[PDB]
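Read off the chains here:
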Amino acid sequence: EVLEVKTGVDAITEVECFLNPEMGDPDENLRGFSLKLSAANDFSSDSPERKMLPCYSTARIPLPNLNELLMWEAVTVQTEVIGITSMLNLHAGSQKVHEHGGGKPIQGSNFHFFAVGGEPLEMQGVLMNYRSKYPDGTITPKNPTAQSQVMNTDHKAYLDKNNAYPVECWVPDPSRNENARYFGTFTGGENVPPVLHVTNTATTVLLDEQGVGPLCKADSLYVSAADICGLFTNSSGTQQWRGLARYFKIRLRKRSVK
Amino acid sequence: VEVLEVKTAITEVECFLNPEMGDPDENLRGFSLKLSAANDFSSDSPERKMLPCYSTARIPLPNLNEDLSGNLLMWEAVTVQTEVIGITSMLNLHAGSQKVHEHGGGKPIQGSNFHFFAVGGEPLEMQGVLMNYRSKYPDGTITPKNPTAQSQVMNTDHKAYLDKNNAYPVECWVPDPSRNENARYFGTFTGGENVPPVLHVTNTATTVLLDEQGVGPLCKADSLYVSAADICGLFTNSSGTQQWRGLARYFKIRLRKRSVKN
Amino acid sequence: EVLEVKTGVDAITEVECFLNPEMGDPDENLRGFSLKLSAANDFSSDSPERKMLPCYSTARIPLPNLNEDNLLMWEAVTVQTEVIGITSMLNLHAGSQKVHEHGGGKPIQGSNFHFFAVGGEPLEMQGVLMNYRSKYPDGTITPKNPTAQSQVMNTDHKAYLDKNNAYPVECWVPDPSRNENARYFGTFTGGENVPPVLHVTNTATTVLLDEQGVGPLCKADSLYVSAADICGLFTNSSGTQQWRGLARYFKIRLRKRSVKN
Amino acid sequence: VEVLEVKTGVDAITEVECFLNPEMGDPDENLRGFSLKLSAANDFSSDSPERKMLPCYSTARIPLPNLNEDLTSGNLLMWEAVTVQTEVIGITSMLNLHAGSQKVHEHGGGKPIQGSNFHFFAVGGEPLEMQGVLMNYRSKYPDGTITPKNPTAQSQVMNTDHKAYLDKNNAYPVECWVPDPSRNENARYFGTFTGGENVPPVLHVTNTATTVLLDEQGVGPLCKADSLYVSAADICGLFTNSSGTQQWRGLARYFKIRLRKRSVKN
Amino acid sequence: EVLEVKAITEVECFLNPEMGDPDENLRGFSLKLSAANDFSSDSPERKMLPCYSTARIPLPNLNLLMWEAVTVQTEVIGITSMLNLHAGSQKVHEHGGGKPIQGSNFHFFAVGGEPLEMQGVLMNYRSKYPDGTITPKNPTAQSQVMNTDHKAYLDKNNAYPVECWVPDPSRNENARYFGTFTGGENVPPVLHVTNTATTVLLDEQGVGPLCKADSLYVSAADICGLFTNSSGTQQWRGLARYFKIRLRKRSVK
Ligand SMILES: [Cl-]
Ligand SMILES: [Cl-]
Ligand SMILES: [Cl-]
Ligand SMILES: [Cl-]
Ligand SMILES: [Cl-]
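Protein chains in written order, with the deposited numbering: chain AAA, 33 to 100, 107 to 296; chain EEE, 32 to 39, 43 to 102, 104 to 297; chain BBB, 33 to 101, 106 to 297; chain DDD, 32 to 297; chain CCC, 33 to 38, 43 to 99, 107 to 296.
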């Protein structure tokens with residue numbers, strides 16, 4: 033049902049935004065961090081506190097109104119993580135690596151994820167432990183079974199609320215997202231080094247094999263992210279997730295559709 | 032089979051294929067039994083629930099032939116989009132895992148991993164290789180028959196079809212590069228105690244299944260076979276015991292109709 | 033606004049420079065090093081010394097003024117850039133902590149950041165802090181009136197890289213929302229044991245042209261180079277750690293471009 | 032080894048398939064694919080490694096169909112190796128952490144195979160040409176190995192005396208020899224060495240990857256006296272026994288080589 | 033000025053490493069590493085200091108025609124020698140095998156029509172270098188960053204310590220160079236061999252290094268990592284580098 037790209041004056045636009053991370057924000061002073069991790073809980077008695085759980089970030093961007107078809111088509115995205123050099127602060131609150139040494143860098147398990155779509159990101163739920171008791175204010179797989187630990191097709195959600203869908207509960211659903219592009223990399227392990235690139239010269243092309251990008255339903259663009267950079271280690275040895283915001287610059291064109 | 036032109043017609047099929055890590059009880063779906071070792075190659079009797087197995091599913095397709104004469108039509112697998120499902124579940128460092136140190140978070144899943152998928156017009160063809168030819172494998176497993184010391188390198192007697200779900204242990208079998216004329220397979224083994232899992236998800240990645248002559252796997256008996264193994268690494272309990280953790284694999288296969296000579 | 037490339041005799045020029053690192057320079061013998069790192073300062077009492085904070089390096093390169101009174109502008113088309121002295125890290129005999137009894141010195145290793153930019157105006161920078169309550173020392177330029185939101189994205193923290201050895205690397209990143217008139221490239225690798233990995237070759241050129249074939253255009257006849265090359269931490273025999281930095285070379289090809297006024 | 036005439040005629044294709052066994056030392060009948068436990072000399076002056084402790088290059092010569100009815104003709108035909116598909120066989124066998132392995136910690140699983148590894152193959156129309164290089168020129172190598180003759184301290188860097196054909200299976204120690212880049216005009220070789228005690232093995236399998244054997248002029252290895260030469264070394268790393276002893280583990284390598292008939296001057 | 037391409045020739049060289057060679061039996065190794073307690077008392081011994089390798093390769097005299112270097116094939120020689128874990132090795136644990144060569148490494152080559160141009164940079168300007176080494180003259184604290192005084196030609200084999208000198212990106216108009224440094228005590232060596240890999244030496248204008256006084260210069264440094272003795276002492280290990288260079292005749296005026 034996709035016809036010609038529409039050219040003419042005002043047939044192209046670009047939108048930009050910064051999406052803040054949602055790492056748990058355990059107090060008024062620790063925006064961008066989670067609560068300290070509390071660990072070794074039997075699978076039968078696993079009740080994570082809300083502020084310990086990083087969640088997916090999401091925002092809707094309104095686009096100039098079109099007449100109902108003409109739709110905005112997302113063609114490219116430029117994206118990077120904002121503030122990566124903040125991790126060179128080894129003087130603030132971090133455990134000394136040895137006597138007389140500097141602080142321990144942020145490191146360990148990390149996840150870097152973004153999506154651009156013409157509708158909210160479609161998610162599939164998978165749990166480490168289907169018996170986890172998730173706290174009020176989170177949205178997690180509803181009424182999970184043992185099969186929820188591998189693949190349970192009942193756990194479908196839209197990423198339709200910021201700071202609500204825990205990263206550990208949800209992945210982008212590859213059986214859906216017909217009208218979105220998503221990219222993520224998970225790296226797990228205690229000593230994993232964060233590796234992050236910035237440049238204003240890199241572009242991701244969002245067109246499929248037929249040269250069609252995401253088409254923006256009701257003239258709205260949806261951006262999604264999760265940038266868990268790794269764990270911060272306090273002098274006590276406690277560990278907290280650290281997250282950073284993500285920048286998006288999306289170029290769109292008008293597309294004719296039936 | 033003499034392959035003629037593409038019939039201009044197209045369908046997509048999809049499958050979420052569950053991993054078969056052993057499933058030691060009703061609550062540990064996706065995990066193996068704790069890993070336990072024989073002191074010796076001569077007394078090596080692994081329990082069934084400790085052995086991850088290859089996953090496989092048969093996707094039935096409709097017959098395309100009005101007449102069972105001359106030229107026939109077969110379904111041809113052209114592309115696959117595939118992804119491991121639930122990679123973010125490893126960000127749960129609060130459930131059951133050993134502290135990395137006092138007052139620290141849980142130990143991440145890490146260690147030896149294997150990520151493998153195949154798409155074929157017939158069951159995956161496999162070649163047996165053993166770490167230890169004297170391993171005594173348990174009832175419910177299908178493992179190399181009458182193994183010899185040569186079974187630890189290459190014994191051409193060990194040929195099998197991946198013809199049963201949750202029966203062929205990953206440690207005993209590999210895709211056979213000498214066969215699989217009618218399938219495409221892809222795997223990476225990463226070995227070691229502290230190996231970081233590195234997993235990517237994107238709906239922009241497509242594997243083309245066409246060979247040098249532009250022919251994909253042909254569904255000879257109107258069935259398509261998807262095969263997987265996704266051992267993500269070892270989960271370490273508070274106690275120090277270790278268990279394999281596996282994740283489901285999604286498949287989306289584009290098929291077209293291919294004319295062939297009767 | 034942007035028109036024809038002025039093609040002709042005298043229409044091209046190459047400029048080169050070596051930009052020194054600004055790692056803190058704690059005394060005149062330790063040029064290229066920071067002061068030893070402090071640690072475990074509660075977030076509420078974190079007052080880093082100036083000499084402990086590596087800063088962005090920057091130079092303004094004046095170009096011939098092509099305008100008496106349509107205008108002509110210098111356009112940056114390519115850059116060749118290299119970190120200088122990477123082999124110095126093979127010196128494991130100067131003041132190293134031994135890796136064990138009878139063993140060699142501990143190499144420089146750990147968190148590193150390799151960054152450069154070429155632009156026709158100062159680099160546009162965005163402030164982000166590990167700890168908004170950090171009290172930065174005199175002679176540094178850091179986010180003004182920071183809040184908890186400064187630990188994520190706070191759009192108040194916009195600055196020009198307009199002073200050498202003033203903008204701490206830990207406080208500032210290139211702003212992806214600006215820098216229309218510059219090209220920047222950085223990689224951050226974090227961790228205690230990260231191996232430095234550095235390449236040299238005189239066969240690598242970066243094209244600075246955007247999609248419409250236009251390079252950075254030198255406003256007020258100035259070319260701006262910027263860098264940060266934190267190689268990792270040097271560990272003394274005492275066990276103290278210090279940032280080590282190296283200089284960065286730039287060779288930029290420029291051409292004359294016609295623009296409208 | 033299977034030699035299949037895929038096509039007859041001027042556009043004849045022959046596919047040669049084979050599985051080359053590793054030669055890790057095989058210290059007893061039950062430990063096929065392993066070396067003898069590694070033992071280190073105190074120093075360079077009394078370094079006498081045991082035969083079964085030294086992995087060796089694998090090689091085989093595959094005879095091909097005769098092409099030339101008239102040995103008298105102005106032109107003769109040679110088999111030309113155009114492509115190879117290759118992979119290491121049994122990589123998943125390293126997921127066996129239950130057999131004979133050292134616990135990683137109390138109550139933990141077995142230690143995986145890991146550490147220094149070398150993955151190498153060659154396809155040629157004559158034996159692989161090798162150059163000798165030694166860690167320690169004063170090593171006394173055991174009966175059954177072929178190692179550099181009358182080595183000097185210059186043998187620890189480059190000694191042009193140490194030239195050899197890989198002309199015997201399970202005889203040329205991997206630690207003594209490398210492919211010679213000054214020769215091998217009629218072979219293609221590929222190898223990666225990764226050193227260190229915690230190095231993770233990383234091995235890929237696919238039936239979709241083809242290496243093209245043609246040079247810049249579009250010419251593959253030419254099989255002299257109707258002979259195709261395969262060579263390999265696949266040291267996966269070290270297996271650690273419950274005792275703490277370490278042995279090399281090796282795996283077999285599959286080859287599928289596609290050959291065509293090339294006319295050359297008699 | 034470079035005119036038309038005029043036929044072809046090939047030269048090859050096995051260039052030995054210069055790791056220090058602390059005695060007649062330890063060719064390809066350095067002296068054991070020692071550390072000064074302090075930057076003010078840093079006097080390394082000559083045999084402890086790996087140096088750049090170089091060789092001048094004489095070319096057929098012509099006649107202006109000049110030899111132009113078009114492609115190079117290069118390979119580090121003897122990488123499998125590191126599978127010897129039986130010779131003088133420290134055990135990784137009780138009953139375990141020997142500790143492999145690992146740690147900081149540098150792999151570098153250059154092909155030019157004249158000697159390689161170098162820039163000096165020091166970790167420690169106050170280092171006192173020994174007789175037989177050529178190191179930056181009148182070093183200052185600026186020698187730890189960029190000091191434009193420190194220019195040299197790689198004109199002597201086994202004289203210019205790797206730790207004092209880099210290729211000069213502001214010069215070398217008539218050479219191509221390539222180097223990777225990987226730092227850290229547990230870095231694994233990763234080395235590839237193949238006779239299918241060629242580096243083209245032509246610039247964007249199609250011109251390769253032109254050989255002055257009918258001479259070709261090859262330069263290398265191949266520090267593979269540290270060898271650990273059973274005592275726990277550590278020595279650099281180096282390996283030879285092969286070069287095969289294809290050259291064509293070029294008319295100058
Ligand atoms: Cl749900
Ligand atoms: Cl069997
Ligand atoms: Cl500000
Ligand atoms: Cl010899
Ligand atoms: Cl000098």
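No lab work stands behind these hints: they were computed from the structure.
A couple of the hints might just be wrong.
Stated by the list, open to error - Which chain CCC residues stay away from chain DDD? Per the calculated CB distances, all over 12 Å, these: (1) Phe65; (2) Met125; (3) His129; (4) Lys142; (5) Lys180; (6) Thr241; (7) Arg291.
Stated by the list, open to error - Coverage of chain BBB stretches by chain CCC, computed from C-beta distances (three or more under 8 Å per stretch; other residues unrestricted): (8) 52 to 64; (9) 121 to 131; (10) 135 to 147; (11) 204 to 212; (12) 219 to 232.
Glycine is no exception: its CB is placed at the ideal position from the N, C-alpha and C atoms.
Cross-check of the supplied hints:
no.: 1; hint: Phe65; verdict: violated, 8 Å
no.: 2; hint: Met125; verdict: violated, 5 Å
no.: 3; hint: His129; verdict: violated, 5 Å
no.: 4; hint: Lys142; verdict: violated, 6 Å
no.: 5; hint: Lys180; verdict: holds, 31 Å
no.: 6; hint: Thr241; verdict: violated, 8 Å
no.: 7; hint: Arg291; verdict: holds, 14 Å
no.: 8; hint: 52 to 64; verdict: holds (count 7)
no.: 9; hint: 121 to 131; verdict: holds (count 11)
no.: 10; hint: 135 to 147; verdict: holds (count 11)
no.: 11; hint: 204 to 212; verdict: violated (count 0)
no.: 12; hint: 219 to 232; verdict: holds (count 4)
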